[PDB]
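Given next, in structure tokens, is a single chain: the form solved without the partner chain.
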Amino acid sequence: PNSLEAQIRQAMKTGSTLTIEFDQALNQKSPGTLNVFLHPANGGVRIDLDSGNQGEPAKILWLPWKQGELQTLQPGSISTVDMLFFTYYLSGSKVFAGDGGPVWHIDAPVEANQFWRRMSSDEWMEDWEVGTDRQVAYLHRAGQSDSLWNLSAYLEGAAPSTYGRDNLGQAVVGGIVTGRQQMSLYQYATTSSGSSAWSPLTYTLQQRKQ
């Protein structure tokens, strides 16, 4: 087989099943580029900071998760074509990504009006004029209280993507850099069947309402 990094990139693009396991240690690393180690795992790859167990070093874009908080990948970090992007598992959390803009990982309990307000101070958001469009990929857990995710007051366009059902289930989000400040996003979800194959996480046209 190829490098583990190549195997992940190929699984994403082909819509194959390849799971990702993250060491919680990764959440103590800042958003941006990160040197990690990839290891074979049953059915997938484990990403950690351990150079042992048939580890292969890789430089990725990384977005940590933090309890009760937003974390932000700033787009200036994004430069190397074909570099992989990952964020930590989604277990009730939300991911919001602007195309050519930041990616935010927002913990589950942060209400939508609150996280929107927090997102709102980023230069990309301030440059997003009311009444104009961006492309946005937004993923939340199905059956979670809408107070924690619904942005309908702020965005007019396609409904968000969802993972899970009845506020149960997990997702993994990653990406592949395609150009300066630009990525294509990919996802899978883990339910009582197991883990799904990778699919695209689509940016959809949204008009800013207010």
Contents of the next structure:
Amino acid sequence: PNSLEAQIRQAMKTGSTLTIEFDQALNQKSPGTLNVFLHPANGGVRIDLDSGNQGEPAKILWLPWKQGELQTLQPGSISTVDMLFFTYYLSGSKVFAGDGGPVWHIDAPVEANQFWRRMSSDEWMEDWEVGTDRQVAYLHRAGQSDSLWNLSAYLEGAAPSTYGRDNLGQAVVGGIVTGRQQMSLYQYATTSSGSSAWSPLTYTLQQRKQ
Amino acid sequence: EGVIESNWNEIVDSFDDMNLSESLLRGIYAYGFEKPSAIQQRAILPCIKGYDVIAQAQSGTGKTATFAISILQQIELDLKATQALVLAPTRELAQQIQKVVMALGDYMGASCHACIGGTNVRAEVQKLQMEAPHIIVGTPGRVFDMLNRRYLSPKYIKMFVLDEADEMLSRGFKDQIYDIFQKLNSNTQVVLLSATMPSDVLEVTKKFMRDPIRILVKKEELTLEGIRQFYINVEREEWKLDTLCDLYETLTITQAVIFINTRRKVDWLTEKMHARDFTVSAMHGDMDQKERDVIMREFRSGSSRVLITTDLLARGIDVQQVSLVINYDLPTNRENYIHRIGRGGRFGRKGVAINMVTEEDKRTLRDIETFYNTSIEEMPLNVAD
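Beyond the form solved without the partner chain, can we have the form deposited with the partner chain bound?
Full complex below, order starting with the chain above.
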């Protein structure tokens, strides 16, 4: 009926359920705009680089995961409207987003102090003054050693968003571009319970201490 | 430190045997250089001659001096136009490059500007409209901006340097880099320096270069730095299962991974741990790609607090975080050991691995530390997650 590209946007907007399946090979592709092929999976969508298997061509914003490092999607890559944004599955991983800023994917075991340190060499961060603030979406698995995610030392604002429980659970993070340097981020959790529905990933207001 | 591996056998161990202009030599000696590094002895020459180069080099003043010297030697000084474009992944690095470039080119009359922006995106534009610097160094976003807005010109650019490419592609500049290259002339010399050499960096060299010169430093890309490795004397095989269950009573374990040498034992152990009331997911080599996709999602979600699997070697396990990892079956060699418990990347250097050692095991490998070439303490009677 609707290209899969559209069915997905439908789920994100309304707040239905539609699981996403990623091929591990996507992690070989640097953050940026990427040509991928969507396939109908078992009550969701599969994303890989195979044209066969009733495949539908699409052009997304992609942010992979990389062991022992951060991966960053640059704001200047965010313009084409209704373009879909996806990051690899979150299973310990944190995701931090700036309103018209970059979007970082952090490997699970990276101490907050250490990733904050790396983030701040980025132009958008160097453009974020001690004493002033910005909008920030920030997701982290629930009940994980604070030193791995807690940014209270650097940011003053609403507490972070979370996925899972007792440091158990998977999350998926998607998005839809709504202009230049603007996109509406969504999410869904997978747990022993099963796969939850899509929902907004809000951006609260955070002030910068140091 | 790995071992140097070129496809260019020429080596020059003096700056005087490189046919550099006198003024450039003055700058090089005045800056304190006396004899070139391993990477300079191999890379500077193929650059001055104009060939595309790939150099696997750690960050430092010596690495920067490789492409700085090369660039300065090619500049046509009387041509008051930008002739070289260097991309770095941050404002900070870019500015350090400018410093180095200016110092060496000090006696030559070579101009070099840094596309930073900062608190001057309107001010610095007033200087670029006045003069086209010989060499421009900046970040990909900022450079691409200046090209689109016509404050920089690609017309006389014959030398294009990607510094810390692995970084830049981690920081999302792949698009901006691809876009900048599409604006440069066809015959443009590409020099690429990167400490790592993953798939997308290789892919870049394949698109931007022709029959390039490779200077690589092959070394293990997985390490045990930060992993706390332990071993338990189990005496005999039969008493492994009882030891494993006693670890669960002693230690706090969110999730765990257990490595096994054969499939027949993965299936044996999977059912025995079912019988002992454990949320377990099993994985082996005989499975398809779509099957393993399923048993991995179970584990990544929490449906299984335990993944028991076999050494894959070709396929890396899709595991992000785990309380610990258990060698229920000792790997047969250092490479397999490092695949199972070694981590990649510079950060999050932390883990726990426990190795089970039968008496037969000791006979076949005298000393575990020696056999795998790493520290492995006997497990204490304390608690380490």
